[PDB]
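Heads up, the chain below is alone and in the form deposited without the ligand; it's given as structure tokens.
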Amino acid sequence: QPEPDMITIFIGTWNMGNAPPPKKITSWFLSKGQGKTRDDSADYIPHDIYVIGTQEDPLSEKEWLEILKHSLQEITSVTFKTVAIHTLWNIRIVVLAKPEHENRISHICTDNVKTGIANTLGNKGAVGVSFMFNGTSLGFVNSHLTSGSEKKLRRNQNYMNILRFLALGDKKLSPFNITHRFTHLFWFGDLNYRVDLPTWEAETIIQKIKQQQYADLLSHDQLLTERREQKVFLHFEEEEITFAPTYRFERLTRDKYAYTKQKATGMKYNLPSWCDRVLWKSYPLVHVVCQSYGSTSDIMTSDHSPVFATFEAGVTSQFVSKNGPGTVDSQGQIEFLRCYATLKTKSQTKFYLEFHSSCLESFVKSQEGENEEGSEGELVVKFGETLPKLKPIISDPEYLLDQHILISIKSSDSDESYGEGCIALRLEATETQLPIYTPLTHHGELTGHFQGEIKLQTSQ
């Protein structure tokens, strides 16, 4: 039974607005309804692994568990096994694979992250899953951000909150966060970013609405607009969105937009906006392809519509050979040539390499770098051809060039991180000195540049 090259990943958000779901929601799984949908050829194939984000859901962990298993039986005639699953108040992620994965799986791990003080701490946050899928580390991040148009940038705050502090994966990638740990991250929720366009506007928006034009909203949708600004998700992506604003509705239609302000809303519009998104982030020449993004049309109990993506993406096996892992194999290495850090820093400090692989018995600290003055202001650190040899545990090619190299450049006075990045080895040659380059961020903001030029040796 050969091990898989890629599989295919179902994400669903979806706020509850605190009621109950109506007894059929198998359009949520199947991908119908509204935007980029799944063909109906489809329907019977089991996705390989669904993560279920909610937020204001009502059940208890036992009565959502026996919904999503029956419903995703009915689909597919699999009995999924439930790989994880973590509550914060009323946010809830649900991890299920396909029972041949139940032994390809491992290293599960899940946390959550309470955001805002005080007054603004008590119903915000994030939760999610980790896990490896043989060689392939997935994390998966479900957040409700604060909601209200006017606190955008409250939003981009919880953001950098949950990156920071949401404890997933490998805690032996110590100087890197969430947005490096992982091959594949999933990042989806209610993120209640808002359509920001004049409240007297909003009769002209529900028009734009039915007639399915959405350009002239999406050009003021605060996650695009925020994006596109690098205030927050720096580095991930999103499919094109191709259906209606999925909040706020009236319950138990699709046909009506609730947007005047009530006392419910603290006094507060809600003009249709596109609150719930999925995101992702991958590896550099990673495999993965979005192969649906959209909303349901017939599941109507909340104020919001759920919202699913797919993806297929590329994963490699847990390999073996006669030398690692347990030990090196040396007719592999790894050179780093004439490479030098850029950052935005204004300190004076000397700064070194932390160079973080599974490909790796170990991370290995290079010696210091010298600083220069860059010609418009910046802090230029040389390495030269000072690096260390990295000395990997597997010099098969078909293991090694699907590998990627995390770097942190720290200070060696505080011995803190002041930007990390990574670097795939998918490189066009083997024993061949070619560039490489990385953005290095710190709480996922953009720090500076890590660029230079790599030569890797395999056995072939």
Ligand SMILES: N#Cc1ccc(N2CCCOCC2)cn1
The other form holds:
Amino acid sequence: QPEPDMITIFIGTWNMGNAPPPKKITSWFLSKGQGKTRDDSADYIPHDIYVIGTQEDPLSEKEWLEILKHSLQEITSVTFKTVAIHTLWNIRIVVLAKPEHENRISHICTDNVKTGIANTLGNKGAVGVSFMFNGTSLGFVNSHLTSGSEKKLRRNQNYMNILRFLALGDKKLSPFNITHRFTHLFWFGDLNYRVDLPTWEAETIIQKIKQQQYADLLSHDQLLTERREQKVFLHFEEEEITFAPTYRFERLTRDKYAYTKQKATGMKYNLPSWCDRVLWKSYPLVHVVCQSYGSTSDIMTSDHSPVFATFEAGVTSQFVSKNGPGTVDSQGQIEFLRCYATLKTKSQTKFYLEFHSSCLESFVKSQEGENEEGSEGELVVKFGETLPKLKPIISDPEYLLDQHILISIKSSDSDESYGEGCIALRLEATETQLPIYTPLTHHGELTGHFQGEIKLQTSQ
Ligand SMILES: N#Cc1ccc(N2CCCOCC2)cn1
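The form solved in complex with the ligand is what I want next, because the block you gave corresponds to the form deposited without the ligand; please supply it.
Everything in the complex follows now, all chains and molecules, and the chain you saw is the first one.
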């Protein structure tokens, strides 16, 4: 029975509004309703992995697991295995997988982050799950961010706290936050970004939604505009939105948006918004294709509609050779030529690099680079041909060309990372000097760039 080189992943996010679900929620897992929906001919085909994020979830873990498993069994006739479940307050993540994957999944991690301080600590934050699927690392974050149309900067701060403090994946990747630890990272939830139009325009917005004319609303969506100004979710992807705003509905219908201020809302307006979102980030040149992104029309217990997204995701096999794992394959090498980091820092410390990769026995520290002043007032750190030759554990090109090298540039004075990035080994050629590039980030914000050339030697 062969190992897969692709799997499909379902991501669901639903803010349940503290109400139990209706008796049937199969439309959610079938990707049926509005937006980019799944073909009817696929209805019996199970996804490999289902990841369900809830917010304002009033159920126990047992109660929700029973509903989810009974829903999937009715759709697929498969009894899914529980990989992980983790709950912070009323924010929950469930990961289910086909039973045939039980011995492909390992290194399961869960964590949460509580956002805010005093007044604003106690209900918002995030839960996460990570695991290995054969040779591929997968991370999943369900966040419930700060509410309210005039709190976009608080949401952005919540995002940065969650990616800094959520402790998932390989703890040996110490310089790297969750935005670099995984082959594929999915980040979803009630992100709570709103359509930023005047209150007076509420009925005009509703009109537009009834006409399925979303363009002048999406041009005011705070998550799209904050992402375009590089204020949040830098280097993440989102599918085009082609479904109506998923908040705020009158319960028990979808015919009415309830936007007006009420004592129950703190006298705040809730103009129709795309609160409920799925975003992803995958390593460079790894296959990831969104095959659905939409909302359900028939689940009406909450003031939010459920959102679905599904993905094709490339995966790799747990590679064994005669040599690695547990020795190097001296037929393999990675050389970095003429590399330099450009940093936005005002600091004048020396810097060194660390190279991290599951193709190495352990991470590799470089010598310090040579600092020069860039013309437009920046730091350029030159490494020359000084960088250590990296010795992968396996030289087979079928393995090595699928790997990635994480890079951290660290201060000699503090050993703190000033920037992190990732280089694919999926090269156009081996034994050939080729350009490489990554942006560098720290705490998820842009701090610089790393560029140079690579020369990869494989056994072929
Ligand atoms: N994705 C992923 C992944 C890979 C390894 C891992 N562990 C072993 C090394 C120490 O890190 C924490 C536990 C955890 N998660």
